[PDB]
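Shown below, as structure tokens, is a lone chain in the form deposited in one PDB entry; questions about how it binds or moves come after it.
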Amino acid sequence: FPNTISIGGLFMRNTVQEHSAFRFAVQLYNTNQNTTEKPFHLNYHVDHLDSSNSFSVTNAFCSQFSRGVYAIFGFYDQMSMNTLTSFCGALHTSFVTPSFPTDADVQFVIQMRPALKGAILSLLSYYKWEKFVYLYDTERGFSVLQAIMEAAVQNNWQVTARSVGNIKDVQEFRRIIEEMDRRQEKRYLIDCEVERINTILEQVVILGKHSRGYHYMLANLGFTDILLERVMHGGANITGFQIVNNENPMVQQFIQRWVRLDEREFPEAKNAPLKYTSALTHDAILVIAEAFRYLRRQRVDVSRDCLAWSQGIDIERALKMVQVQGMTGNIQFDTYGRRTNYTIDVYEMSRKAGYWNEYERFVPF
């Protein structure tokens, strides 16, 4: 079993904090002196990439592949997802990611972020929504949209859906909101990226739709990065979802060290709030370390030019069989690398209103 396990790191635009979290989590692993928790050194090589270009994506993947890595941690968007994950799959290198999960049956991808659709549909039912507005972008795929369409008639949901991910002129958001008001819509499900959600909620406040009698359900696990204070102060209801629990001691002990890091070596640790994707980045290193510790205890042989490895299968299986407690709670996977047996906490405005899991569905406090 090698003394050093090397992993790749594939970072994109807008992942600076996660890159700091990645370096910090690797440091936390390596500086443990308990040699049962640290029986090998963890090394990485980072590449930064532009997703919109196959050349940059393929180049970064190939740079890691030729270097010899036992797994790749990284990020994708809609443009790069298939490129990156299909490369990993073809070469049997496991990709561990905090990026949006897929519905698709895919191999060699460990999807750290749990699916949100179940929790959304349970809360729509719990609140007895019938008429509602569905504002969405497609940057996290179509899983939520499809689940709503499958269930709508059977739940009597009358969904006015508006695709908003291509809107550049904020006046277009304003006209949609105005149109929805003339149809007496009070309830909005917003399935967008955090930055987009913030833009939409500012338009809500500008138009005065942030009073009592309106309800915004924000379908994004990035709840703590949403600027919703101004909406809350007007009296409208807000519902949100999180997978990081501030009362979890692992979260508390990470945060206490994290906020004290040097801003020069760890940008965005000290000023910016911790993104849930940075928590998932920490949790990715936990999963990788556990899998490789498992392989070593079982005496599995891990061994080790991209365009011109059956130890890959063993690594993938070891990754998917982990059961660990992380900043994002209980971490386990199914055979497609999807989180299973996870919990989503549900927030109302600023308190925790209940929780959601796959077996109990939504349980209100």
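In this text, rigid core is short for the largest set of C-alphas that superpose within 1.5 Å between two forms. Positions refer to the first chain, counted from 1. Residues that one form lacks are left out of the comparison. What changes on going to the form deposited in another entry:
- Comparing the two forms between these two forms on the rigid core, the single residue of 140, 210, 282, 113 with a CA shift of 2 Å or greater is 210.
- A displacement of less than 2 angstroms separates the C-alpha positions of residue 78 between these two forms, with the rigid core held in common.
- The Cα position of residue 155 differs by 2 Å or more between these two forms after fitting on the rigid core.
- By the rule of 2 Å per CA over three or more consecutive residues, the rigid core superposition between these two forms yields shifted runs at 153-156, 209-212, 309-311.
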Given for the second form:
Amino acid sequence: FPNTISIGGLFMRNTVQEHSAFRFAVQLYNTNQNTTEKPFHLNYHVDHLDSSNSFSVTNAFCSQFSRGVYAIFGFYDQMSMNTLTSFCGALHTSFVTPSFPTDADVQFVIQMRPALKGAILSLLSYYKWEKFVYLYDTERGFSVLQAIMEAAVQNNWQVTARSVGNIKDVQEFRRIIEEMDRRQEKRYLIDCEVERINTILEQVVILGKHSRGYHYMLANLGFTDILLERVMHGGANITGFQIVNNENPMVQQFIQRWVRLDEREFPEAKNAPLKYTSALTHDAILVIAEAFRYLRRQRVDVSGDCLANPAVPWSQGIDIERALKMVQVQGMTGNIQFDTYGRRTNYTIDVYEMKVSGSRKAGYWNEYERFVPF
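Having seen the form deposited in one PDB entry, could you now give me the structure of the form deposited in another entry?
A lone chain is what you will see next.
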């Protein structure tokens, strides 16, 4: 078994804090000092990529693959996801990612980020929403959208659904709200990127009269980076979701070390709160470390060109993929386990409610117990 295990890191725009977390988590692994916990050294090579440019993506990918990385940690968005996941699959290279989990059932992709679909439906059922607005963009896939629409027609809900991902003129957000008023809409499910939730909540405020008696369910694990203070001061109900428990001892010990870090070597550590994707980035290193300690323990002998059409041995990379998907470890995002398609399984999503009465953790959700209120 090699002394050093090298991995790739594919980063994009606006993954600066995650890149620092990736660097800090790898460092933490390397320091120590425990023979059993650190039986090899973890190296990496990092490329930045412009997802808007396909050659930029395949280029970054081939660079890594052709250095002989044992795995690639990385990000994708809607433009690059298919290229990136399809090539990892064709080349049998394990891709570990905090990005939105793929709609398709795919191989060689370890998805650090848990599905939100189950938790949202359980909560809609809990609140008994049978009439509501659903504002959505498509940056995290079509899985929530399709489940909502099917639930709506099957359950006789009245869902007014509006796509808002292509909106650039913030005025348009205003008009849509006014249009929702004509249907006496008080309840909004917002399935959008954080940045876009922020823009919508700013318009609700600028517009006025859309806080008291309103309820906004924010379908995004990035709950902590959402700016909702002004909406909350107006009387609104807000529901959100998180997978990082600030009371968790592991989250705590990570945070204490993390906020001391220098802003030049680790940008975004001191000037912004820890994004949940930075926690998922940390936990990815735990998963990788654990997978590879396992392979080492089994005396596995870990074994081309960046080309699709020419072949690829069937059993290649299978050993690593399995080792990654069989891990059960406790991280900053709780219990971490994967199913055969690399999806988080047996995970917990914490549910938060903000009301004029105050702000609190209102329960938790898991696949077996569904929503448990507290």
